[PDB]
Amino acid sequence: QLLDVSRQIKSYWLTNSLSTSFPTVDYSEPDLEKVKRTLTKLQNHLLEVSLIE
Amino acid sequence: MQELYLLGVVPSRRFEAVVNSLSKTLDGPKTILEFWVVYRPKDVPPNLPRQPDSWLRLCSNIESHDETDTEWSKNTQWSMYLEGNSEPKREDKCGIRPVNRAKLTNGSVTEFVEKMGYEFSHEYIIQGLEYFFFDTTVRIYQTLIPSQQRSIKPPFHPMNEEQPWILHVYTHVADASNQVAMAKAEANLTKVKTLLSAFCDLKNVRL
Amino acid sequence: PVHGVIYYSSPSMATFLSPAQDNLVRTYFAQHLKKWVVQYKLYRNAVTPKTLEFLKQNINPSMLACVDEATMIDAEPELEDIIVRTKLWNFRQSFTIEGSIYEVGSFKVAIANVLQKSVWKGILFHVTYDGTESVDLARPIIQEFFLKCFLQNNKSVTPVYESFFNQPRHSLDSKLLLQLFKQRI
Amino acid sequence: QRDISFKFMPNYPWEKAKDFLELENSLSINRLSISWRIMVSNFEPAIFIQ
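Protein chains in written order, with full-length UniProt numbering: chain A, 69 to 121; chain W, 1 to 207; chain U, 2 to 186; chain D, 447 to 496.
Please keep in mind that the hints were generated in silico from the structure rather than gathered at the bench. Note that beta-carbon positions come from the ideal geometry of N, C-alpha and C, so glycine has one too. Please note that the accuracy of each hint is not assured.
As the list claims (entries may be wrong) - For each label pair, taking beta carbons as the anchor points, the in silico distance ranges come out as:
1) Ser177/W x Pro141/U: 52 to 60 angstroms
2) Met1/W x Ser157/U: 45 to 53 angstroms
3) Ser13/U x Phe452/D: 50 to 58 angstroms
4) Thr92/A x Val180/W: 44 to 52 angstroms
5) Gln148/W x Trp482/D: 36 to 44 angstroms
6) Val73/A x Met1/W: 46 to 54 angstroms
7) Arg140/U x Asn75/W: 36 to 44 angstroms
8) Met1/W x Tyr44/U: 19 to 27 angstroms
9) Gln77/W x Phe452/D: 39 to 47 angstroms
10) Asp82/U x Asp92/W: 44 to 52 angstroms
11) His171/U x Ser197/W: 50 to 58 angstroms
12) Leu86/A x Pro155/W: 44 to 52 angstroms
13) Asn476/D x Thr68/W: 25 to 33 angstroms
14) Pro98/A x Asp92/W: 52 to 60 angstroms
Unchecked claim - Negatives, chain A to chain W, calculated, CB over 10 angstroms:
15) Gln76
16) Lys78
17) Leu86
18) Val93
19) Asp94
20) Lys102
21) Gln111
22) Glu116
23) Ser118
To be verified - Once the Cα atoms are required to be at most 27 angstroms apart in a straight line, the calculated DSS-like pairs of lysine-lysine come out as:
24) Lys462/D x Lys104/A
25) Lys74/W x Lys156/U
26) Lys453/D x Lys102/A
27) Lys88/U x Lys176/U
28) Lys462/D x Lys109/A
29) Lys42/U x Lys103/W
30) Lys183/U x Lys103/W
31) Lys153/W x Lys74/W
With the sequences and hints as input, model every part of the structure.
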């Protein structure tokens with residue numbers, strides 16, 4: 069019975085929503101300007117473009 | 001327009017826990033910074049106006065102007081709130097507060113209200129976060145008195161030393177008369193209250 | 002661009018709107034765009050401070066509303082309800098304008114009746130002329146067209162109105178419309 | 447095909463994006479304008495359409 073109680077206590081401690089974070093494994097870089105350029109490049113396929121005005 | 005509300009209290013250490021943990025329960029936090037000023041009818045005819053409650057207050061969003069420079073009451077958009085007292089005989093259920101509001105542009109709001117004949121009463125700041133559930137909001141805020149009238153950003157004067165935070169639950173029904181819509185807002189409020197009650201206890205109060 | 006506001010108070014002009022529209026469409030190939038309606042309301046609190054609000058239906062989103070004669074703001078319809086709930090402001094006095102906007106060749110016109118509680122039938126016209134924006138050249142083109150398109154009674158009556166001018170919006174300022182109601186009471 | 451001069455001149459919203467959340471809101475956009483210019487003949491004034 070004591071072991072049941074101690075287990076319950078552990079579970080309770082682990083049930084508490086105190087994590088307040090995420091695992092976050094990041095560090096692969098966006099290189100956005102490349103995505104812009106590939107977007108435009110695709111969107112203007114076979115299209116003669118001109119300058120803004 | 002009718003608003004159904006619950007509210008509660010949150011001490012300071014208990015604030016941070018209630019916050020992070022709220023982020024775990026329901027839709028993520030939106031930063032809210034509001035500047036409020038009230039006005040009072042100068043005529044005070046004692047028989048019928050009933051100026052103590054019905055007098056109006058008006059406020060506006062200060063998202064980012066005061067940190068950048070001196071606050072500009074002319075620059076931000078303004079809106080005016082008429083919120084009446086809450087309906088009694090509601091100890092058991094959620095509270096009901098009738099509220100009407102209008103957005104105001106291209107005018108001197110101050111000069112307009114005082115030209116109505118209303119006149120300054122009190123000026124307070126609301127700062128905090130609000131979270132979302134389906135068609136029902138929930139903001140935890142604090143009531144920061146300004147350092148000065150139209151106070152700048154650095155000061156943010158607080159009202160009390162304990163600095164308790166206040167819990168507000170938002171629900172809006174357009175039409176007072178419809179019992180079905182009151183029923184669904186009531187049940188939405190019950191369900192959100194249940195979850196929020198696991199989180200922390202809160203209940204209906206007057207006004 | 003440049004638009005004129007004309008206004009008539011003769012009783013013949015009273016009966017005039019519906020046959021005027023009809024003839025306009027039939028004979029000059031007008032096309033009917035949005036109906037026009039605007040509502041003016043006038044009242045004042047127990048201390049005699051005037052306040053009036055009026056509501057263009059086209060750009061209802063912004064309702065223009067002024068204290069006494071002097072001071073005005075743009076605000077929402079719920080504001081009006083606010084003022085009713087406060088009860089400090091007294092009871093309404095209502096004018097209304099109902100007609101419909103037409104587009105005819107190079108200009109767009111508004112033909113509307115003005116009235117309070119369907120009292121009378123004094124007619125308001127509003128012609129925006131797409132083109133030169135020189136008031137002096139538009140005024141006689143507008144005048145010419147108006148004459149031509151409503152010439153049956155045109156010999157019979159003369160207006161009281163606000164002169165035409167040049168303004169970028171395609172609809173006439175709401176504040177100006179207030180001034181028309183206030184000169185009209 | 448019929449040998450008419452023209453200039454395309456498109457201005458996509460995703461070009462303007464400062465960061466990635468901006469890029470998101472850029473893709474989600476409800477309407478965009480693309481301005482064309484069309485020269486029918488050398489002496490004729492250009493006719494342009496958006």
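Hints versus structure:
1. Hint check: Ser177/W to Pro141/U, Cβ distance near 57 angstroms, so the stated range 52 to 60 angstroms holds.
2. The hinted range of 45 to 53 angstroms is satisfied by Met1/W and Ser157/U, whose Cβ atoms lie roughly 52 angstroms apart.
3. A hinted range of 50 to 58 angstroms for the beta carbons of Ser13/U and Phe452/D is consistent with their spacing of about 56 angstroms.
4. At roughly 46 angstroms, the beta-carbon separation of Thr92/A and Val180/W lies within the given 44 to 52 angstroms, and the hint holds.
5. A beta carbon spacing of about 56 angstroms between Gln148/W and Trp482/D contradicts the range 36 to 44 angstroms that was offered as a hint.
6. Between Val73/A and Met1/W, the C-beta spacing of about 53 angstroms keeps the proposed range 46 to 54 angstroms intact.
7. Checked against the given bound of 36 to 44 angstroms, the beta carbons of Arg140/U and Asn75/W, roughly 40 angstroms apart, stay inside it.
8. Checked against the hint of 19 to 27 angstroms, the pair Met1/W and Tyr44/U passes, with Cβ atoms roughly 22 angstroms apart.
9. A C-beta distance of roughly 43 angstroms is found between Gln77/W and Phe452/D, which places it inside the suggested range of 39 to 47 angstroms.
10. For the hinted restraint 44 to 52 angstroms between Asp82/U and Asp92/W, the CB-CB distance of approximately 30 angstroms leaves it violated.
11. Between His171/U and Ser197/W the beta carbon distance is about 55 angstroms. The supplied range of 50 to 58 angstroms therefore holds.
12. Remark: the range hint 44 to 52 angstroms for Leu86/A to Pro155/W is contradicted by a beta-carbon distance near 33 angstroms.
13. Under the hint 25 to 33 angstroms, the C-beta atoms of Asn476/D and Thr68/W, about 30 angstroms apart, fit the expected range.
14. At roughly 54 angstroms, the beta-carbon separation of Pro98/A and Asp92/W lies within the given 52 to 60 angstroms, and the hint holds.
15. At roughly 18 angstroms, the least C-beta separation between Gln76/A and chain W is larger than 10 angstroms, which holds for a residue marked as non-interface.
16. The claim that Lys78/A lies off the interface holds: its Cβ sits roughly 20 angstroms from the closest Cβ of chain W, which is beyond the 10 angstroms cut-off.
17. Its closest Cβ contact with chain W, about 8 angstroms, brings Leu86/A to no more than 10 angstroms, contrary to its assignment away from the interface.
18. Look at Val93/A: its CB is around 21 angstroms from the nearest CB on chain W, clear of 10 angstroms, so calling it non-interface holds up.
19. No beta-carbon of chain W is positioned within 10 angstroms of the beta-carbon of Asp94/A; the least distance is around 19 angstroms.
20. A cut-off of 10 angstroms between C-beta atoms confirms that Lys102/A is not in contact with chain W; the least separation is 30 angstroms.
21. Distance to chain W confirms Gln111/A as a non-interface residue, since its nearest Cβ pair spans about 33 angstroms, more than 10 angstroms.
22. Every Cβ of chain W is farther than 10 angstroms from the Cβ of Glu116/A; the closest lies at roughly 43 angstroms, confirming the non-interface assignment.
23. The Cβ of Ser118/A sits about 38 angstroms from the closest Cβ of chain W, beyond the 10 angstroms cut-off, so the non-interface label holds.
24. For the hint linking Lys462/D to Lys104/A, the alpha-carbon distance of about 9 angstroms falls within 27 angstroms, and the restraint holds.
25. Taking the CA atoms of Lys74/W and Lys156/U, the gap is near 52 angstroms; set against the 27 angstroms cutoff, the hint is violated.
26. Between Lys453/D and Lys102/A, the direct Cα distance comes to roughly 26 angstroms. Compliance with the 27 angstroms bound is thereby established for this hinted pair.
27. A C-alpha spacing of about 26 angstroms is found between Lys88/U and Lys176/U, which places the hinted pair at or below 27 angstroms, so the restraint holds.
28. The straight-line distance between the Cα atoms of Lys462/D and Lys109/A is roughly 15 angstroms, inside the 27 angstroms bound, and the hint therefore holds.
29. Among the hinted pairs, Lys42/U with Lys103/W is consistent with the structure: their alpha-carbon atoms are about 19 angstroms apart, no more than 27 angstroms.
30. For the given pair, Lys183/U sits about 25 angstroms from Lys103/W by alpha-carbon distance, which is consistent with the 27 angstroms threshold.
31. Restraint check for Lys153/W and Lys74/W: the C-alpha separation of about 16 angstroms stays at or below 27 angstroms, so the hint holds.
Checked against the numbered hints given earlier, the structure breaks hints 5, 10, 12, 17 and 25 and satisfies all the rest.
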